[PDB]
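As you look at this complex, bear in mind that one protein chain is not there, while each of the others sits in place.
For reference, chains read A, B and C in written order, and residue numbers begin at 1 within each chain.
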Amino acid sequence: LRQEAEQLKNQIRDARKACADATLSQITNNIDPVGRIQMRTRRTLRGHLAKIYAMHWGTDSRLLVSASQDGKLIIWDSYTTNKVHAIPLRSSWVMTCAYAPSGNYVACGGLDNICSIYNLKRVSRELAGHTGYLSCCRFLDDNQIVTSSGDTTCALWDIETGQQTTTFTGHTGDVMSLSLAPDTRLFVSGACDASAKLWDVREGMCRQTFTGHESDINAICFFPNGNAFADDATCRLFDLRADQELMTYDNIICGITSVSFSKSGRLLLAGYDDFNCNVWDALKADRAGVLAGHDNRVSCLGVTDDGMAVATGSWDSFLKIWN
Amino acid sequence: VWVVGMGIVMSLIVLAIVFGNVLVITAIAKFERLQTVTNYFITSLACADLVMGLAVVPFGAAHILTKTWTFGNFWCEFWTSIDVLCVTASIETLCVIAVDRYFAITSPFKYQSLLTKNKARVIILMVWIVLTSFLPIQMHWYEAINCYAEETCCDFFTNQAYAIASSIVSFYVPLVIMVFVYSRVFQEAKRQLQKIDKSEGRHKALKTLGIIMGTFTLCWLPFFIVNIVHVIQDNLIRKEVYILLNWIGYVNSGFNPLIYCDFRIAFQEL
Amino acid sequence: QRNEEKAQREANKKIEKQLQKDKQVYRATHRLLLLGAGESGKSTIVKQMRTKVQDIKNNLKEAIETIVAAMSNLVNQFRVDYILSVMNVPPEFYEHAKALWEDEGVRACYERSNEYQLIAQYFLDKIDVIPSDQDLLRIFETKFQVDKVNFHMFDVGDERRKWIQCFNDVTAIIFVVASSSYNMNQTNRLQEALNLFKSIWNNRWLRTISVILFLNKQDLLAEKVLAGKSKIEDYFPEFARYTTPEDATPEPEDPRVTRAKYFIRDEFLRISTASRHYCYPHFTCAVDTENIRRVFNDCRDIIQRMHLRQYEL
Partner (left out) sequence: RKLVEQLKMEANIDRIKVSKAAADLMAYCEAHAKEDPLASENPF
């Protein structure tokens, strides 16, 4: 019965343990430190009367989109701090948002268990196949946007048809965040089961399902190279090629809120509910410096494709876009 | 050389009067507490106290210490008007925050409805405008005519009729409004406390309200009482008792007010 | 060319004007989350506060038959098979179900239904009698603004309950708990509701939110109290040590039922006053139409109890 599954789990654990050839810290030792780099709020995207729970960059590296706690969705020009469009959401609560690389449409999730894609140039279509609140979205293509739901079942959509092309299921706990790789041939998802499984684009099979973290996995982001990714304060990093824990990431006691790497990957912009995002070295595994401009807990972060600067969307209604 | 020590004490008082409002104003400007009607009103009162301490206090201190007034009357009347305006602004803001709190308690379903950033700006502007200090400069309404004419002296010998109405419109109506509003607040808090006490098993607010009421009371009542007395009764009041008591007491009020005025994080931020 | 800058400035001005117009209503509206226990009558309070009827009756009767099939799992034979086989739905079955409800097995299942789950026996008799008056009554957002204040009720309805952690600015969280469902599966339903209330009150995110716990179905609780089939002592041992509270305001009226109701309220209030958030209990039945008025008085007693705590007396 379950003894066979337990034996398989033990064999997987043993293979992973023996796979450990050397410690990452050994390589980190020779790595020269990044240095204390203090970000500055060269702009202040403010003027949004809610606890902004969404913060997604645009592929053009010019515009960002945020979702209200009351239902107002506003697109922002980071250069002019002028809100280009403000389309309110039919559902009062929005739990996530995403900007399509084509830019023709902007994705806006919600807690109404229905995902609606808005047409920048009204709602183009509504997706409601999944069950429970839309955990996260990231428009992979102009017709394929990946959703995420509290039903422990992430799904792929065809925007034109408005039906779930495929299905992904198997996670014990509710999935709370998903991220897509630049290669677009794979993605990852962090669930409440303290586990992460890198699903396939079409097959729907977990390439390397890891469960290193202790508490629920709030968020996960891809490394720029696409060969690795990363409620407890610790935010571990895993190398998909080795399926192990690349490095374990001490006085911090708050909860991890969002994760985002840098263009060179050295900086791992991590924001907490302690109101001060802590930026840690990805290779040297050291805490270099922090930033803090807002008051309420941080909701989401992000980095532009050009990598010029970063955004910090908190619940304090102020999206201080640090530079 | 006791005058030297008295002047040192006065200098310390002036420095405290400046700092006790400058710190609050700087914290309000640097932090995100702004746009709140209560925070905006507190900042306005602190600005009034800062202006009063910066302008009126040192000139009056120099007048007390050195008998001669080394400057001219054209700016001396400006000093008198500025002092009148600052005292009026402090009292008016102390009453305005009371009115805001009273409406917040008595109608929470309209507390956020009535208050607004534009409404707060209008209220603050009206309070500052409420003329009573510009009239003495223009109308010259501010028997020892030599001091009003000579250059050495500056003694406040004004109309008995002007003094009564000025003191009334500056303090009496604010006093009645503050007392009534705060008594209503105390009654509402007592009723809420009893309603909570309806829970079986398992009054500091009285002291909390009493501190902020008594500060204004014991800092302002005697000076205006003496003002009315000297307007009515001429030979009863000595000059030195009037001066010491009036100036210093009302002025100390601004510092006491900053202290009476969340802010700890802003204060600790610097 | 500065035309682009001028156009963007005009658009930003229009958007800011619209946002300023909306902010008045956005702040004016008061929001409440009606987090209620499953099958605790949360609909009944919502129905009172505010084609499918026949469909509901068929749904309930099938659920009643589903309970009857589950009644077989616990502890006219062909008629029972007819409904159970036709239980799934995308005349003869109707009559077979009516007969099965008339069968003594239905009476036995209704009598021993603590372990069983039901929506409903009054409607089941009514369905057998069979819409009728009050038969249907016996994120679903709600916008029922009082003539004085704008009140909007939000329904969530999730073991992890991160949906709770999502909300942090509701004026109050309605926690409808059915007092009667205490004999009704390792732990009793009342104890599970108490655990849920403890979790909500002791929530890190929901630090500054009060709960208005309306003890629903108090009439059913009193009725079950009138019979001594299952004393509260057997379910809750501490009941025997408990005695009547010093303060009591009985309606018109049963000392035993009064003791039971006050015990339940005190049990809730202990966890409520453990640790701010102020719990406002009530004793309500479905017929009581003053629910909206009580909620309004509680809400007016929230902000007043909040501003005084907001760095004041």
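Rule of thumb we're sticking to: a contact is a pair of C-beta atoms (placed from the backbone, for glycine too) under 8 Å apart; a residue touches a chain by one contact, two chains touch by 3 or more.
A.B. asks: Using the definition of touch stated at the top, determine which of A:84, A:186 or A:242 touches the missing chain.
C.D. replies: Of the listed residues, the one touching the omitted chain is A:242.
A.B. asks: For the full complex, which residue in A:123, A:128 or A:205 touches the chain that was left out?
C.D. replies: A:205
A.B. asks: So that we can see where the missing chain sits, which residues of subunit A does it touch?
C.D. replies: Spelled out for subunit A, the touching residues are 4-5, 8-9, 11-12, 15-16, 19-22, 24, 26-27, 31, 37, 39, 42-43, 78-79, 170, 205-209, 223-225, 227-228, 239, 241-244, 246, 262-267, 269, 282-283, 303, 306-310, 323.
FYI, only the chains that are shown with their structure count from here on.
A.B. asks: Between subunit A and subunit B, what distance separates the C-alpha centroids? Give it in angstrom.
C.D. replies: Comparing mean C-alpha positions, subunit B is 54 Å from subunit A.
A.B. asks: Just curious, how far off is subunit C from subunit A if you go by their C-alpha centres, in Å?
C.D. replies: Result: the chain centres lie 35 Å from each other.
A.B. asks: Among the residues of subunit A, pick out those that touch two or more other chains and give their numbers.
C.D. replies: none
A.B. asks: Which residues, counting only subunit C, touch subunit B once they are in their complex?
C.D. replies: Where subunit C meets subunit B, its residues are 27-28, 148-149, 245-247, 266, 269-270, 273, 278, 300-301, 303-308, 311-313.
A.B. asks: Tell me, which parts of subunit C touch subunit A in their complex?
C.D. replies: 5, 8-9, 11-12, 15-16, 18-19, 22-23, 26-27, 139, 141, 154, 158, 160, 162-163, 166, 168-169
A.B. asks: Taking the complex as given, what residues does subunit A use to touch subunit C?
C.D. replies: Checking each residue of subunit A against subunit C gives 47-49, 51, 69-70, 72, 74, 77, 80, 82-86, 91-93, 95, 111-113, 132-133, 150, 173-174, 176, 192, 216, 315.
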